[PDB]
Amino acid sequence: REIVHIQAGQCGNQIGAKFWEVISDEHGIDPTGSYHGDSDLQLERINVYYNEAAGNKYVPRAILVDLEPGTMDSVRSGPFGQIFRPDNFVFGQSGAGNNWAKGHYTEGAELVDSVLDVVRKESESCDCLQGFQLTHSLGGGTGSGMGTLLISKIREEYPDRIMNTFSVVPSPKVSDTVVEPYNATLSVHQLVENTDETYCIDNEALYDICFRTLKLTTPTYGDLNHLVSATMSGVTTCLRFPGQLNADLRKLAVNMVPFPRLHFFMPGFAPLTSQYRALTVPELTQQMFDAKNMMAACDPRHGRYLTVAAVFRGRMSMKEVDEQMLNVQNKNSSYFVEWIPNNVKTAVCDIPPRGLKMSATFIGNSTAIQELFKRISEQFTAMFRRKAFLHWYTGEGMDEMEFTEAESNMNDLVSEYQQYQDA
Amino acid sequence: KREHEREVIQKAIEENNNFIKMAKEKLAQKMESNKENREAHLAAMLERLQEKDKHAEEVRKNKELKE
Ligand SMILES: Nc1nc2c(ncn2[C@@H]2O[C@H](COP(=O)(O)OP(=O)(O)O)[C@@H](O)[C@H]2O)c(=O)[nH]1
Ligand SMILES: Nc1nc(NCc2ccc3c(c2)OCO3)cc(-c2cccc3[nH]ccc23)n1
Ligand SMILES: [Ca+2]
Ligand SMILES: [Mg+2]
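So the sequence lines, in the order shown, correspond to chains B and E.
The first sequence maps to residues 2 to 275, 280 to 428 in the deposited numbering.
Using the deposited numbering, the first residue of the second sequence is number 75, and each one after it goes up by one.
Just chain B, with the same shape it has in the complex:
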């Protein structure tokens, strides 16, 4: 039933806010929190993400976290900013200076208890909490360090609930500081241990999509975050609308994750919008499987698919959908592991997103994701072999040993992906 949403830091809070705008529009909820839709299908499972307050008001089940105030002031002034509950804003003053150790061990620790109090108050009033989703980046200090601290405390107090993240992975092509590879390696180590599902969103890929396909000479953060919000809408559609299926986050996890550590998913979206030509089912199918629509900069022909979910939205022929999904599997069979039968699953929702007649969202558990971690590992090593920029971290109390251990964990994850790719 109920999901609790958490957004931490600058990146996390910008994409989180965009997510709430898009889905609030789909459910017919305006910025004041009043329902003005045309169809009972919009409200029948509204309670998954929204609480009902007095006056038939709908309030997002959302907690907003940062170590500095700036971005949460921008949220509060943003177009839908009044819809969030005021008591759910939890912010410090110091900042974390793009420093994972400040987020995880010093500045963040002072705030974490007050954040957990609000989480507990939201969970306490849930009829039947299914679990949690977190939005954050891995390259900074607050979302990365404090986000993974939060993940650890939530597991300790709610050990049998599902913990899911949408995680933005750094790239030198879109970079704020040189230390991003350190912060990302430290964070992945935590995710391998403490999440059930992590959507890998690579700023490299989002940039290449804006540049090559959508034709934009200077992509802003706003342009990248538009794709992210559309993808997240796609991926939560099956819980959010009456589509026959009787599912919860745990049944989805059981269907998608064959080994506990290999739970990092590659998202995609079709069609890519910045037009009027409607799109045939063959075209949706061909484009959703195309490398160029993937949100993690990995070649799926360089690995094999452990599992795939496809979600189609809009009015279309289910016969034709089945035929096209079968066509792609039968003609490209070598990229799908033979030892998990029937590992491609398909959903259809009648309600299309805003501004499109037909769309498709892709979720892949592919061994080609090892390419992303290798990237990060090389950037890590190039600095760590000379200890460059380490004094920022040891000054907050960390030893070199912790860096060596994190590096080892991530090289092991890569080796595991390779083991299942050669089988």
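Take these hints with a grain of salt, some might be off.
Sample of chain E residues facing chain B (criterion: CB under 8 Å; computed from the structure) [said to hold, decoys possible]:
# : residue
1 : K75
2 : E79
3 : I83
4 : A86
Derived pair list, reagent style PhoX-like, types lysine-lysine, alpha-carbon separation capped at 25 Å [what the hints assert, rightly or not]:
#  : chain 1 : residue 1 : chain 2 : residue 2
5  : B       : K154      : E       : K75
6  : E       : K140      : E       : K128
7  : E       : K85       : B       : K392
8  : E       : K98       : E       : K109
9  : B       : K324      : B       : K350
10 : E       : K85       : E       : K100
11 : B       : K154      : E       : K85
12 : B       : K297      : B       : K174
13 : B       : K297      : B       : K350
To give a feel for the contact side, a few chain B residues facing chain E, derived at Cβ under 8 Å [said to hold, decoys possible]:
#  : residue
14 : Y106
15 : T107
16 : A110
17 : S153
18 : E401
19 : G402
None of these hints come from the bench; they were simulated from the model.
Think of the CB as a built atom: it goes at the ideal place given N, C-alpha and C, for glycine as much as any other residue.
Start from chain B and add chain E with the ligands according to the hints.
Coordinates of chain E with the ligands only, in the frame set by chain B:
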């Protein structure tokens, strides 16, 4: 994991305090040693001048006992 988190934050506190301590003691040693050296320089100069005044007295006491 929680106990490790406590050890990290305590190590950070400890290093900041140790830096403050060592800078305070280094400064105090320097500012004492400099005072002692300067005072010794001035005391040697004054002592040389007083030895000069003593010699001038022995000279006038030589000229008197000549006559
Ligand atoms: N896609 C995307 N990436 C962002 C955004 N803001 C920051 N980043 C990236 O996230 C990393 C910086 O982390 P940031 O969120 O600013 O740090 P924090 O505030 O301490 O959590 C870098 O890789 C940036 O390129 C955003 O709005 N969208
Ligand atoms: N694992 C997994 N798969 C998904 N895709 C669709 C699907 C349809 C039919 C299926 C199926 C999967 O698996 C077997 O039948 C979405 C999600 C998700 C994640 C995080 C937050 C979420 N809020 C709502 C949903 C969701 N999580
Ligand atoms: Ca403080
Ligand atoms: Mg930043």
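Query raised in the report: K85/E and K392/B: Cα distance at most 25 Å?
Result: holds (20 Å)
Query raised in the report: Does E401/B pass the interface hint, meaning its C-beta sits closer than 8 Å to a C-beta of chain E?
Result: Result: holds, 5 Å to nearest chain E Cβ.
Query - Pair hint outcome, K98/E versus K109/E [Cα-Cα no greater than 25 Å] - result: It holds: about 17 Å lies between the C-alpha atoms, which stays within 25 Å.
Query raised in the report: Holds or violated: are the alpha carbons of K85/E and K100/E at most 25 Å from each other?
Result: holds (23 Å)
**Report entry** Hint validity - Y106/B Cβ closer than 8 Å to any chain E Cβ
**Finding:** OK, holds: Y106/B within 8 Å of chain E, min 5 Å.
Report task. Identify whether the interface hint at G402/B stands, where standing means a beta carbon of chain E within less than 8 Å of its own. Result -> holds (3 Å)
Query raised in the report: If you draw a straight line from the CA of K154/B to the CA of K75/E, is it 25 Å or shorter?
Result: holds (10 Å)
Query raised in the report: With 8 Å as the cut and Cβ atoms as the points, is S153/B at the interface with chain E?
Result: holds (6 Å)
Query - Per-residue hint verdict: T107/B, partner chain E, C-beta under 8 Å - result: holds (6 Å)
Report task. Below or equal to 25 Å on CA atoms is what counts here, so check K297/B against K350/B. Result -> Holds. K297/B to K350/B sits at ~21 Å (cutoff 25 Å).
Query raised in the report: Is the Cα-Cα distance between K140/E and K128/E 25 Å or less?
Result: holds (19 Å)
**Report entry** Hint status (Cβ of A110/B to nearest Cβ of chain E, threshold 8 Å)
**Finding:** holds (7 Å)
The structure agrees with every numbered hint stated previously.
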